[PDB]
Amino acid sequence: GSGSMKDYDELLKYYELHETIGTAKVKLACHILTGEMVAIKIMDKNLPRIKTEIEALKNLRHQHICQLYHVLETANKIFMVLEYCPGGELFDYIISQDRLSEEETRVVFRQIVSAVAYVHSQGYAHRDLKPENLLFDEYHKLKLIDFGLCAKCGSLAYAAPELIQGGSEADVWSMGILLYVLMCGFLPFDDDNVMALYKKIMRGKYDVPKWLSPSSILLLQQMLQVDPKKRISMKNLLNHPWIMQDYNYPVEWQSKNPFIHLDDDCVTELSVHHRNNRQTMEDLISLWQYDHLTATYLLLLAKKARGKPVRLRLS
């Protein structure tokens, strides 16, 4: 729509665009003040899905959730500045590998479980967990995306039987489907005819390949209980015996990224730059309006974590 280049003007204040990385257009970009790379979602206003995703992401902050840095609304456009995830979809990685070893699966699955536990702890349900919605960042860490359908009906193969007719329990079902696909490279319930796939899900029966360990088979049946009330709880999952093989500590699901605690180095650089003192800056930062100040703080925090200088660009 439109084709206007003036629509980009306020954005170009803060970011330097680079090439499209996704065709809801997604461009790679550099945040000018920090030099950090980000992915920018460009929407031309021609959904309540976006408003749902945006509002969820304002309240969620976690090492396995793809981070919202900046929301820029223009007369004609909505811009979402998001964490940049060069590693691609978990889905791509699954196809490319045929199927994952139990050790490989466990590494990634502990991360999916980290993210989803945190989501539930903030009173949300994703309702659309599937490998297309999981991305690898530069460090090969998984990032949960796509909060359009979240609550305070995804894709069918991943949808719990309870959910189809008529919350956190369905996410556990979906993670169950995820775990099987990771270790098998194909779905537990699948068919060309969508009507047939529906009945399979409802019976709840599925093939179990020779290469799955008994441990895996047990976890799978605990997550894929067609009775929602029989599904394993998030609590028991966090330290489940399969989950802890090779690790010996439960999944650390608690967020490492606070809304309350500010980092002093970053506040310092922001104060100096905007010509303020700390209390003024800290108050402004803690309003989290997800304006340009939000982005610069989080990208500076992200810059520090990388071991780069805590420095904003001289302008």
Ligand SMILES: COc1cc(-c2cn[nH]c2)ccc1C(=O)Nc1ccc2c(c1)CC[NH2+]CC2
Second form
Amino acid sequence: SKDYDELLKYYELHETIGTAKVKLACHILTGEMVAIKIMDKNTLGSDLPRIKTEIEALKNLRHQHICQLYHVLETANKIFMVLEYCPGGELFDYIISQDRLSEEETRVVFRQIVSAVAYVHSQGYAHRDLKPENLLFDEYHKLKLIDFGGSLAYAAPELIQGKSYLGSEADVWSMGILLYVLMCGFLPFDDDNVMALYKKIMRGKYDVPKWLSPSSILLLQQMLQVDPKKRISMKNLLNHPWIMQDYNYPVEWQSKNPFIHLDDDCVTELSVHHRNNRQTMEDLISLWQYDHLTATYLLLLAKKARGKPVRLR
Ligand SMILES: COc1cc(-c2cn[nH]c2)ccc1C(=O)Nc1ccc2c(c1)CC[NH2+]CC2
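Now that you have shown the form solved without this ligand, what about the form solved in complex with this ligand?
Shown next: the complete complex, the earlier chain at its head.
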């Protein structure tokens, strides 16, 4: 209860959804809805440093298809992460509701995944846990990547043997597994016992449904090469013929949300509320401490992108 004291001054809490717990909230000063992920420091033990270093990851990824981090609030025995409002549901449950998605809907949707994952690689990171439960929809049915971090059915085989791997190629395999699920509705390698499933991933043999097209079957063979050297590269995947079917342009992966230059109207509005001059506030925003100022600036930034006035209530 005391852990929420410092936080309830910045947000008003609403529903509860995911099970670490996630509760919907409203940031007071901007009126923008958010999602707050609540982790408990005493349960996870001391594997928070892997989560802390993944929180420092999200602090360095900003992308139209990455769920934005707004605010990290650390208390005595809880850690709070304030994130982007994604009300369109989860990609996993959506695939199950339609059984399978069309080749053209998956293509539209797979292109946002490649855009997200390509961007995180350009920054020197790798998601390493690509699966449909780690992809959210917003109101526009746009995809938002979450949970940077054992999920066996999506792990690359060199990750399986415990050998030395490149983070990028492991994601490429995971995207290949995930592309399969998008168009089929079931895993390419699946089994009740792990030892059989463990073995099936390294054999590389999957059954191909009759409904997957010739343009579809060979991209899966390119993405799910067991040997990483033969796996398709992100560069060649950004303009793959299948990726450019239906929409003939290479995937736009470069982010439209940098750190370097701050928004003027956002900064001026933050200055009149905090009663500071401009450069002083820019210096405090440039620190990017992911306190309440970073959250206010980021949510005030999003507020303008919508079309609302850049004003703090
Ligand atoms: C599980 O919910 C989330 C998790 C993360 C997240 C987890 N890790 N990183 C980010 C980020 C955002 C959300 C989110 O917006 N939740 C949400 C999900 C579904 C619905 C709503 C909100 C609106 C209420 N009506 C039902 C539909």
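Between two forms, the rigid core is the largest collection of C-alphas that superpose within 1.5 Å. Positions refer to the first chain, counted from 1.
**Q** Once both forms share the same rigid core frame, by what distance in Å has the CA of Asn76 shifted between the two forms?
**A** With the cores aligned, its C-alpha sits 2.5 Å away.
**Q** Looking at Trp288, what is the CA displacement between the two forms after core superposition, in angstrom?
**A** So the C-alpha of this residue moves 0.5 Å.
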